[PDB]
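Asks: Listed here are the chains, written in short residue letters.
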Amino acid sequence: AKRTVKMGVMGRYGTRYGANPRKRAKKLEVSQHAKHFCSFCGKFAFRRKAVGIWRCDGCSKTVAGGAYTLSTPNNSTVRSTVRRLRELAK
Amino acid sequence: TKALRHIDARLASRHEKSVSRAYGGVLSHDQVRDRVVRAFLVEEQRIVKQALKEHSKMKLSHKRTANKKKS
Amino acid sequence: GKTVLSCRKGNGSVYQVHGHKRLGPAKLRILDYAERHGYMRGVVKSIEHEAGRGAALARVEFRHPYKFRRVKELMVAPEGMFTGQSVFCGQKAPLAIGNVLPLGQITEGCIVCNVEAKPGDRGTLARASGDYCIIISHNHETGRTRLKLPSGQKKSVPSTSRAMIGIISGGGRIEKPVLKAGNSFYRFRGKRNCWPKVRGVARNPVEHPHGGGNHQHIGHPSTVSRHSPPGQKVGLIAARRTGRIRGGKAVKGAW
RNA sequence: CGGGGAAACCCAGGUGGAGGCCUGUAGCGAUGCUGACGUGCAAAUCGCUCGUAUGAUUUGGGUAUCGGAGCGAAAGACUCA
RNA sequence: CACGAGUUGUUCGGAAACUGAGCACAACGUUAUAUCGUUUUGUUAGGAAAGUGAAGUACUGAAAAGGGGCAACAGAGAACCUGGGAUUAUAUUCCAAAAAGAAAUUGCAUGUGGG
RNA sequence: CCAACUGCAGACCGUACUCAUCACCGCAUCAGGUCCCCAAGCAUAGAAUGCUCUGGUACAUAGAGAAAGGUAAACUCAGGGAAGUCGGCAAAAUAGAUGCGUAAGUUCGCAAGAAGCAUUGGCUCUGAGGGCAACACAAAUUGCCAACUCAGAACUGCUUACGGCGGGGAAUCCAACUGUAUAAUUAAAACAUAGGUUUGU
RNA sequence: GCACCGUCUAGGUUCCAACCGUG
RNA sequence: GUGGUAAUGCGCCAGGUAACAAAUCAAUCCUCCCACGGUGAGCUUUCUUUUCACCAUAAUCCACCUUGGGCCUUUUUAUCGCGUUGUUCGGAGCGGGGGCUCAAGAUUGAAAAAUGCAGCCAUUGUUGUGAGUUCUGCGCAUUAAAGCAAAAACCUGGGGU
Ligand SMILES: [Mg+2]
Ligand SMILES: [Mg+2]
Ligand SMILES: [Mg+2]
Ligand SMILES: [Mg+2]
Ligand SMILES: [Mg+2]
Ligand SMILES: [Mg+2]
Ligand SMILES: [Mg+2]
Ligand SMILES: [Mg+2]
Ligand SMILES: [Mg+2]
Ligand SMILES: [Mg+2]
Ligand SMILES: [Mg+2]
Ligand SMILES: [Mg+2]
Ligand SMILES: [Mg+2]
Ligand SMILES: [Mg+2]
Ligand SMILES: [Mg+2]
Ligand SMILES: [Mg+2]
Ligand SMILES: [Mg+2]
Ligand SMILES: [Mg+2]
Ligand SMILES: [Mg+2]
Ligand SMILES: [Mg+2]
Ligand SMILES: [Mg+2]
Ligand SMILES: [Mg+2]
Ligand SMILES: [Mg+2]
Ligand SMILES: [Mg+2]
Ligand SMILES: [Mg+2]
Ligand SMILES: [Mg+2]
Ligand SMILES: [Mg+2]
Ligand SMILES: [Mg+2]
Ligand SMILES: [Mg+2]
Ligand SMILES: [Mg+2]
Ligand code: NA
Ligand code: NA
Ligand code: NA
Ligand SMILES: [Zn+2]
Numbered sequence: 002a003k004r005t006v007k008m009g010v011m012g013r014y015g016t017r018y019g020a021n022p023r024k025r026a027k028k029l030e031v032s033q034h035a036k037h038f039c040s041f042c043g044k045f046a047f048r049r050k051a052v053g054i055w056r057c058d059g060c061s062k063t064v065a066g067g068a069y070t071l072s073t074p075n076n077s078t079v080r081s082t083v084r085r086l087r088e089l090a091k
Numbered sequence: 057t058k059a060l061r062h063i064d065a066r067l068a069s070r071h072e073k074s075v076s077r078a079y080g081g082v083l084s085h086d087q088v089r090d091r092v093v094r095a096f097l098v099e100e101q102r103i104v105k106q107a108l109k110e111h112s113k114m115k116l117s118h119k120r121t122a123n124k125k126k127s
Numbered sequence: 002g003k004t005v006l007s008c009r010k011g012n013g014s015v016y017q018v019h020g021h022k023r024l025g026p027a028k029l030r031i032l033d034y035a036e037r038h039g040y041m042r043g044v045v046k047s048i049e050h051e052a053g054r055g056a057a058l059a060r061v062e063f064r065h066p067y068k069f070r071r072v073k074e075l076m077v078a079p080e081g082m083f084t085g086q087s088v089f090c091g092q093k094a095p096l097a098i099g100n101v102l103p104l105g106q107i108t109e110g111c112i113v114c115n116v117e118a119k120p121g122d123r124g125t126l127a128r129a130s131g132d133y134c135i136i137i138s139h140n141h142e143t144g145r146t147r148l149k150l151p152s153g154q155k156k157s158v159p160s161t162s163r164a165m166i167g168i169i170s171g172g173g174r175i176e177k178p179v180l181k182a183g184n185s186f187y188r189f190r191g192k193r194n195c196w197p198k199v200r201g202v203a204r205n206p207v208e209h210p211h212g213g214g215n216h217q218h219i220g221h222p223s224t225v226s227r228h229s230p231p232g233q234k235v236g237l238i239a240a241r242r243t244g245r246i247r248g249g250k251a252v253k254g255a256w
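Protein chains in written order, with the UniProt record's numbering: chain G, 2 to 91; chain U, 57 to 127; chain A, 2 to 256.
It is possible that part of the hints are untrue.
Beta-carbon label-pair distances, calculated as ranges [claimed, not checked]:
1) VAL75/U to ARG64/A: 25 to 31 Å
2) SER14/A to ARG77/U: 56 to 62 Å
3) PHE69/A to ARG25/G: 54 to 60 Å
4) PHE96/U to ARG190/A: 51 to 57 Å
5) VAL44/A to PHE96/U: 31 to 37 Å
6) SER47/A to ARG25/G: 29 to 35 Å
7) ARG4/G to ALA68/U: 20 to 26 Å
8) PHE96/U to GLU176/A: 49 to 55 Å
Quick caveat, the hints were computed from the structure, so don't treat them as lab data. Ideal Cβ placement from N, Cα and C applies to all residues, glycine included.
My request is simple: use the sequences and hints to build the entire structure.
Replies: Now the structure itself:
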């Protein structure tokens, strides 16, 4: 059975700290504890150790970035921009 | 390799802490294999490019410079 | 009266940095002959976290230019760096995330981090997590590059200054509410002795300008002059305006 | 893992053991009796009752900051009655 | 209160011999005044702080950036165990050749085998 | 040159006793204060609380003994039940476990042990919950053995009977919450807090 | 004005040589 | 220096040990209880094949079954199989057949009965089951905007001597 109607992980806080702060923190908490996709391996294997550090469960890879998710939206834009500018250079 | 403390490690025989293979007691067998393969393949790949470059420079030696000559 | 807390903190004493668990300072490598004329290739060996800092650090291994040995560097890592990656530093280096180039070789519109204001200072601008600079334009007659800083100000630097390509890792750190006093306690445990904070109106007149009275209030304007002596300069120091900001929000700092 | 649904998802039974969570020892404190004592056992103690008790927790040794100075989750608190 | 006695270690704790939060001799600077400041973010000082193996009987003279030292009897480190009919009182410290006995470990020398 | 065997040698300081209702600090052999290790049996959820073998102790000035009035980590009280008092202060009171059952409000987590109803002893029985040994499908059976919990039945009894262990409900004011805090008359509505905003750079 | 201090180079091109280039 | 297809067995520079957290589940030594047996003592009007005590084995060495990890080689797996109390593993090699290693136990001996204990120159001399215990193993996923000291000393290799 479901055990909760919409509190999820934040059920550990009981009735403390207010509804909107709890709802805002829950979104980042779920992402921080999820398994993310490793493009080197081809499987869902990246876990966060400390803020900004992501380690693969099977292969020995460690990656930097994000603090609550593996990749931030600004970084993808930066990647495409860098690749296109380098394509112009070469 | 065994797990030995300070005096026991000092007083044990050498092969208690190593194996006869290269890098024995430092690297595992898969790491050793990968190093051997990588060394051979990279050296060969470098040789090919050096040869190609030298062959091109020798190609433009008795070519138009020594073929379409002018003095 | 007695000494005010903001002045007391300048003696050092129990308010210095908690540094025992930190690794060394984070810097680029030294601007030597190899970097001025060719390039150097290093390998990323590990990605780690240190207490007090939001960004991740990278240990990078190079070969020594003059001796038979290995040299380990500790840098602030950009987003996307991974263990086993090759890193190129020097004059002729390709445009890729993590490489280090002179500013005069990076095309306009590119996003950079770890920028040195003066050549050879090994990186001083755009280092906090998630931050970066934008390259605006070059000037070949005077050899100077224009940059847009994280604060929104513009700065001109010599075109021989170096910068890493990318964005500092660990971004988005401040968007999660803290919710608990204990979380703040653990956050400042790794930095220094500055929390919790007692309001000045809650103190007594002997130790703060705002203290005293039969109600909790400041009985005088809290905007103070730039020329006030220490112990008098508390409140809103040399403020150009106060109150809620409406419309465009201006760039802070000096002109 | 069972049942329902065209789908999106919904209902139910277990497993697991989170929390500046609850009751309660040791520990750390000190609400009420305006109790005892008030030439005291004691220049602040005793009894019962009571707060907290996985945390912004308690504690040994070492080390660092003082006299118009130090230190203070701020009472003009504390710096060998 | 008086008189007379009692504490035994190659291995137990410390030191010899680690590094920590830290301290501050030298050096340099400052002060009418050193009884002041700096001195671990790899590290003193406008700063010439290295005294050695090896080769060839002490001698002699190539390499090795970043002076000397202190700070933990709960961190690191550390080769020994039981039996005793062995005290008035000490004992993993004492016990005598059947050492009640059985070990481990460091230095330097013999010889036996191998280099 | 390399074990291993053998011979000789193995320096320095500490070591008694104490660690506390008499060996330390508090003017004292002062009901105060003072870090670490070992930790038995039965009841029971148990480092709660009560009693006990090993080890320890009978030391804290005593004897005789119905005044009034006191102190208590001491009890009862017909009928009434807060009329007492500034004020239910103090005392009484509730109570473990198991089944059923549970309102307004709500940040959906709670409120909640909400409130409330019922059972519980002793004795003699019954059922359920296991282990390992001996292409063909009821070894779907033979033997041996442990450890305790839960459920159901008959008979039989109460003087309601150790310890230990929440009283409950309806509302107003203040502060969001856990926390801190006038050592020796003030623990709060004060301070802190997460959250919000402004300033310098 | 003329001497002298006054010199060597990877590469790119067209045997030398020359023009570029600048360690 | 030398064996095995292999995992791996035998005679200046670079890494490693020192060196580091939670819970869960198993836990060894040791403690407690029970069953069976031997020795001493207690009670006995009666009853009690009874009640109580004891039944011990240090370091250091020799030789070489169980559990839990990592791996090799052969047969090549798939919607599917393997496994935990528990939040998972597999063509980057699952399962089966044979092996190689590491950790922790066990079992032989030596030491060692010549000792210790208890009745009295003689007797005795113990083997099984539950429960509790943090060593240890579950290898290095506790909150975390918290991510968990350092060095001496020592070990192995790469190079040349
Ligand atoms: Mg500092
Ligand atoms: Mg005040
Ligand atoms: Mg004033
Ligand atoms: Mg106010
Ligand atoms: Mg609590
Ligand atoms: Mg409690
Ligand atoms: Mg006041
Ligand atoms: Mg005397
Ligand atoms: Mg230091
Ligand atoms: Mg020094
Ligand atoms: Mg020392
Ligand atoms: Mg020690
Ligand atoms: Mg010793
Ligand atoms: Mg004695
Ligand atoms: Mg003694
Ligand atoms: Mg004691
Ligand atoms: Mg006393
Ligand atoms: Mg005294
Ligand atoms: Mg007790
Ligand atoms: Mg009534
Ligand atoms: Mg009345
Ligand atoms: Mg009246
Ligand atoms: Mg009362
Ligand atoms: Mg009830
Ligand atoms: Mg409050
Ligand atoms: Mg409170
Ligand atoms: Mg007070
Ligand atoms: Mg009070
Ligand atoms: Mg307030
Ligand atoms: Mg554990
Ligand atoms: Na009183
Ligand atoms: Na008890
Ligand atoms: Na009455
Ligand atoms: Zn991966």
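Asks: For each hint, tell me whether it holds in the structure or not.
Replies: Outcome of the hint check:
At about 29 Å, the beta-carbon gap between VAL75/U and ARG64/A stays in the expected band of 25 to 31 Å. Between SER14/A and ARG77/U the beta carbon distance is about 59 Å. The supplied range of 56 to 62 Å therefore holds. In this structure the hint that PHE69/A and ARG25/G lie 54 to 60 Å apart at CB holds, the actual value being about 56 Å. Checked against the hint of 51 to 57 Å, the pair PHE96/U and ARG190/A passes, with Cβ atoms roughly 52 Å apart.
One distance hint, 31 to 37 Å for the beta-carbon pair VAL44/A and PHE96/U, is violated here, with the actual separation near 20 Å. Between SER47/A and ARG25/G the beta carbons are some 34 Å apart, a value that agrees with the proposed interval 29 to 35 Å. The beta-carbon spacing between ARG4/G and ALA68/U, approximately 57 Å, falls outside the hinted interval of 20 to 26 Å. In this structure the supplied range 49 to 55 Å holds for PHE96/U paired with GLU176/A, their Cβ-Cβ distance being about 51 Å.
Of the numbered hints stated above, those contradicted by the structure are hints 5 and 7, listed in ascending order.
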